[PDB]
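K.L.:
Chain by chain, the residues:
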Amino acid sequence: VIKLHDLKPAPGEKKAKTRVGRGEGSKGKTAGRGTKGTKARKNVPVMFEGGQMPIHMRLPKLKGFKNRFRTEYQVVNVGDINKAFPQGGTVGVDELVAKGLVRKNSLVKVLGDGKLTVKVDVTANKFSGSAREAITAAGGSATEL
Amino acid sequence: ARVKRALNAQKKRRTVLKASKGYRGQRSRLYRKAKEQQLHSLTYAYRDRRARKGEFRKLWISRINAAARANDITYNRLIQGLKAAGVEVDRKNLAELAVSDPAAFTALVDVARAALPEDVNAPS
Amino acid sequence: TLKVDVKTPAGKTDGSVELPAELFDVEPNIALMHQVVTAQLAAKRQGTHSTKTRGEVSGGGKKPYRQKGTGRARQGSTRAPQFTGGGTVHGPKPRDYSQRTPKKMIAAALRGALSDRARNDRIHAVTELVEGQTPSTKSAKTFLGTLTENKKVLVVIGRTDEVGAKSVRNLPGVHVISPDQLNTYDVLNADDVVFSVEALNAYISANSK
Amino acid sequence: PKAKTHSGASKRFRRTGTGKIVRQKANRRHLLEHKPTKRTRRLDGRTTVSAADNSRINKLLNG
RNA sequence: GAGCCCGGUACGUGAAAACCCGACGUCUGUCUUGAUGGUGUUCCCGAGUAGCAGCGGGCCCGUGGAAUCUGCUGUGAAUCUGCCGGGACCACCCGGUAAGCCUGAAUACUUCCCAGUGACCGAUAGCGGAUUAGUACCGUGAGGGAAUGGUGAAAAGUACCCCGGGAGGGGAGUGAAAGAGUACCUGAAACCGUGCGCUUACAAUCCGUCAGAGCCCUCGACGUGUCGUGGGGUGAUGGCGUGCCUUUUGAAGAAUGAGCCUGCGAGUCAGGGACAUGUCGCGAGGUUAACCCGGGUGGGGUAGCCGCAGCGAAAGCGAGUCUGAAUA
RNA sequence: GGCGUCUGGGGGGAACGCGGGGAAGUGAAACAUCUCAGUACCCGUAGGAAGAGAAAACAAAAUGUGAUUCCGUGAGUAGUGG
Numbered sequence: 003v004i005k006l007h008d009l010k011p012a013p014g015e016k017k018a019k020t021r022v023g024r025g026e027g028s029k030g031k032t033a034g035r036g037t038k039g040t041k042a043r044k045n046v047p048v049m050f051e052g053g054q055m056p057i058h059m060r061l062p063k064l065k066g067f068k069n070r071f072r073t074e075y076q077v078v079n080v081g082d083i084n085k086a087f088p089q090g091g092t093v094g095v096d097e098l099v100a101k102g103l104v105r106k107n108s109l110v111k112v113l114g115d116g117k118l119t120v121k122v123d124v125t126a127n128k129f130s131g132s133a134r135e136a137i138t139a140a141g142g143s144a145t146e147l
Numbered sequence: 002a003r004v005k006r007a008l009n010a011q012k013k014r015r016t017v018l019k020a021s022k023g024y025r026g027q028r029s030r031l032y033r034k035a036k037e038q039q040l041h042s043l044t045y046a047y048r049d050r051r052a053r054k055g056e057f058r059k060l061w062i063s064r065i066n067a068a069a070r071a072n073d074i075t076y077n078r079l080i081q082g083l084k085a086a087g088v089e090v091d092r093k094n095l096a097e098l099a100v101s102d103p104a105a106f107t108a109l110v111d112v113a114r115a116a117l118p119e120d121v122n123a124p125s
Numbered sequence: 002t003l004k005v006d007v008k009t010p011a012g013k014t015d016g017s018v019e020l021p022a023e024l025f026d027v028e029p030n031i032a033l034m035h036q037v038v039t040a041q042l043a044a045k046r047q048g049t050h051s052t053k054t055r056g057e058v059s060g061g062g063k064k065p066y067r068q069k070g071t072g073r074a075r076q077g078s079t080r081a082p083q084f085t086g087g088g089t090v091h092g093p094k095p096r097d098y099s100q101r102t103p104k105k106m107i108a109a110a111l112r113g114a115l116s117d118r119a120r121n122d123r124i125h126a127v128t129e130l131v132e133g134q135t136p137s138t139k140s141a142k143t144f145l146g147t148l149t150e151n152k153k154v155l156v157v158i159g160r161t162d163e164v165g166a167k168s169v170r171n172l173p174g175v176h177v178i179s180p181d182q183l184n185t186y187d188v189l190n191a192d193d194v195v196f197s198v199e200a201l202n203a204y205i206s207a208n209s210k
Numbered sequence: 002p003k004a005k006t007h008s009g010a011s012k013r014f015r016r017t018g019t020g021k022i023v024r025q026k027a028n029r030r031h032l033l034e035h036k037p038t039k040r041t042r043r044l045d046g047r048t049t050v051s052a053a054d055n056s057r058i059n060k061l062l063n064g
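Protein chains in written order, with the entry's author numbering: chain M, 3 to 147; chain R, 2 to 125; chain E, 2 to 210; chain e, 2 to 64.
To be clear, the hints were calculated from the coordinates, so they are not data collected in a lab. Errors might be hidden in some of the hints.
[Unchecked claim] Label-pair restraints from in silico Cβ distances:
(1) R43/e to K29/M: 18 to 28 Å
(2) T54/E to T73/M: 47 to 57 Å
(3) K53/E to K5/R: 18 to 28 Å
[Said to hold, decoys possible] Derived, one-sided and incomplete: chain E residues facing chain M with beta-carbon distance under 8 Å:
(4) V27
(5) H35
(6) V38
(7) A40
(8) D117
(9) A119
(10) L189
(11) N190
[As the list claims (entries may be wrong)] Calculated cross-link-like contacts (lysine-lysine; reagent style DSSO-like; alpha-carbon spacing at most 30 Å):
(12) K117/M to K106/M
(13) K142/E to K5/M
(14) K60/e to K19/M
(15) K29/M to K34/R
(16) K5/e to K44/M
(17) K3/e to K65/M
(18) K5/R to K19/M
(19) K5/R to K142/E
For every residue, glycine included, the Cβ atom is placed at its ideal position computed from N, Cα and C.
Whenever a hint applies, use it, and build me the whole structure from the sequences.
P.N.:
What follows is the structure in structure tokens.
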């Protein structure tokens, strides 16, 4: 029978806070800050280098743009298909997300990484070159939406 | 959870003040000035405990050399004899024999004289 | 599966219940129970405590005297932290202490707390505390004494059960709680658990599905 | 409050597959008639940032 | 230190009158001198408005390729194959029908009133204000702006006598206590005395420290006083000995600060923030936010976020990808 | 314009609303663009709440949403910036 006084935190969980500026025995009179200067009083900003042109301002900006209309697919490898469906059967997008292979609302593309040995009729929005072969050569059909 | 620092702080004030009794002037009444003394007082002691060993060894040499010269032998020769003779009484008891019971010390001196070389300045 | 013998106020056994091995046989996890019961206490603690900083004290908006020449310390206000009556520099502010504990952690704490009671034979089930439609704590006290002799006890009573709840309210150590509102801290605080047959089934049916 | 990613560092550095930090080289914008092709050829492409400034850069990009 | 002594609590009961919410009617207005579905043309659909131009404002957008919204000055159209939006613009398609007006609920707040709560303060705290409080006081004025809580269960607050002009005190009384006497709970430290023990008027002293004669007190055993695995207080005399903190290459420093005591006075909090490191849950999965249901800390909540494939400026390709004429 | 007569205003209020006017210290390790900030303050106004509101709206080829307001996400991202 356990009561509220038998409950102890796991060893190593709770660690005592290091009080600072509380006597010269532990951390005294300077609190780890050393003597006078800028860093003694307040702080120094991260992006500041003493006047010299910072590393983030003397390097050319990265090239290109983003193409807001980029269509980014969710990829599942044929190797994962084999593991999740040993028997085979039909596997649409809903069947994949039921096994947690791809995100629920994404645009699935099937990529041919692993080895497929099962009769499976996949259905995904796109297929890589090797995914077509792996599906077909293993006696399966790959119909895309 | 506001905490009044009376109980926690008064503890160390009693220790220093009680331990600084017998001091002259302010060094016996005020905690600030008494603590300044306790820093010196406990530094002087730790230095004097080490120096006491050297001081007391000294007083013994002065008593040995005084009695050794009363028996017509210098101290440095008396020690050279005793070390050679196989007597390993330290200086504390040698000074004790010299003061309390002089009869034994004369016996010790005669032992030291015998074990000394024939010509102490020989290059041996 | 633990068979809990059901009792009645007349002293006649009615039937038995089968505590599932999932809910009532988990190995207790002390480090997990401690985190949970600390989380509920922190949510209980209300952070109503505040002090006025140097900025929120009434007045002290003028440099009391000159910078130079006076011969006293340089002072910038009559309410600075070092003054008497000045502001509080690092004081308490009203804050909330509730912390987000995952659902799986919280539930598993309750199962461990309940499983502990079942092992040591502390879980009791009762059809009804007293004769219907008439509260009477003398009858309830006699019943509870018959069941368990320990000082503290926890009674899980269905929401709609009022004659039972209003009967055992006045008792010194008895705490009454709805089967939906079951929590770790209450369970651990009790020597026994006196379930209600309608409540025990409701609790079991809620999780086991 | 959230932590605002530094605008300048976000537009100059990149994260690769393993978590490396890459950057582009300087001296390639103008005044490069007299710069021989060997100089320009060695001055293009992304380079892993030096471990000297890898500490500061991670602070800028992540916060 | 009260469930059973009192006020109350659980649980019930109570409105003459006023006010507020409803509800049923008098009363008010409207439809019935009216509706339903069909065919081919002319009229209408908000004007100094829309649009354009100059100068501005504001939108992620600092005039930029600068759309939509809007102010001032000019110029100034159409009424449905009309007009405006779909980030200059043009064509096609799609949406809508400006230059007329009302609209509750979801939402923000608390001068005030009622009932509560506190791992909030407890008289230098908490409101500036537990007491004459925005009072006293300072300033012509705007304005600034304090300090002061506690006898006792009950006042039973010392009748009476003595010294004294009185104050104050001593007897005697009340009181459990007067080491509670309206200067009143507890009553510390600085500071000020009184009595006793030791020491000090030939002596150079960061005022101590280590030895240490003498005197005084104490605890034992043994006789008159004399030792001891003793304890205390003083210390004649000898040896050694340059304050504390800051800040400095370096300070006892004739560099800075502190007259003393007691109170008070400085790495804290918020955020699903960032990085790192422990511990716990689940584990190719983890988790909810807002919100809803519970007098609770519990239950629900899949919208999102992180992981799960990378390369490339991007189209794209994908265990590969980019560069490249190239398996270079 | 003058008369006579009826009804109204005027001032106060702690916070919250709406429409106007609108700084500086500060950050930029200087500084003018920029930030602080449409913040402090000022003006005119109500209400128990106010403002907004019934598409000359989003959207992107889906036979989609369907007034406004207020929370959570989107996101410290797309962008913007001596």
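K.L.:
When you check the alpha-carbon spacing of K5/R and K19/M, does it fall within 30 Å?
P.N.:
holds (22 Å)
K.L.:
For the pair supplied as a hint, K3/e and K65/M, is the alpha-carbon distance within the 30 Å limit?
P.N.:
Cα-Cα ~28 Å, so holds.
K.L.:
Does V27/E meet its interface restraint, that is, does its C-beta lie within less than 8 Å of any C-beta in chain M?
P.N.:
violated (13 Å)
K.L.:
Could you see if the CB distance from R43/e to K29/M stays within 18 to 28 Å?
P.N.:
violated (50 Å)
K.L.:
For the hint on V38/E, does the least C-beta distance to chain M fall short of 8 Å?
P.N.:
Nearest chain M Cβ about 6 Å off; hint holds.
K.L.:
Minimum Cβ distance from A119/E to chain M below 8 Å?
P.N.:
violated (11 Å)
K.L.:
Taking the least C-beta to C-beta distance, is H35/E closer than 8 Å to chain M?
P.N.:
holds (4 Å)
K.L.:
Can you confirm whether the C-alpha distance between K142/E and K5/M stays at or below 30 Å?
P.N.:
holds (24 Å)
K.L.:
When you take the CB atoms of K53/E and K5/R, is the distance between them in 18 to 28 Å?
P.N.:
Holds, since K53/E and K5/R (Cβ atoms, about 20 Å apart) stay within the stated range.
K.L.:
Does the nearest C-beta of chain M fall within a distance shorter than 8 Å of the C-beta of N190/E?
P.N.:
It holds, given that the least Cβ distance between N190/E and chain M is near 6 Å, below 8 Å.
K.L.:
Let's test the interface hint: is any C-beta of chain M closer than 8 Å to that of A40/E?
P.N.:
violated (12 Å)
K.L.:
Against chain M, is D117/E within 8 Å by beta-carbon distance?
P.N.:
holds (5 Å)
In terms of the numbered hints stated before, the structure departs from hints 1, 4, 7, 9 and 19, listed from lowest to highest.
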